[PDB]
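What follows is part of the complex, with its chains left where they were.
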Amino acid sequence: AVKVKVXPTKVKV
Amino acid sequence: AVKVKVXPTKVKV
């Protein structure tokens, strides 16, 4: 899985 | 891969 930031939000998908 | 959406913003990772 990979760490991402989309807008203000970080998450790992 | 999967579409990620955060309010008005999207991308596919």
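As written, the chains take the letters A and B, and residue 1 is the first residue of each chain.
Following the convention adopted for this analysis, a residue touches a chain if its C-beta (ideal position, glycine included) is under 8 Å from a C-beta of that chain, and two chains touch if they have at least 3 such contacts.
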Overall copies of the shared sequence [whole complex; 2 in view]: 12
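FYI, only the chains that are shown with their structure count from here on.
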Between subunit A and subunit B, centroid-to-centroid distance (C-alpha), Å: 9
Residues of subunit A touching subunit B in the complex: 2, 4, 6-9, 11, 13
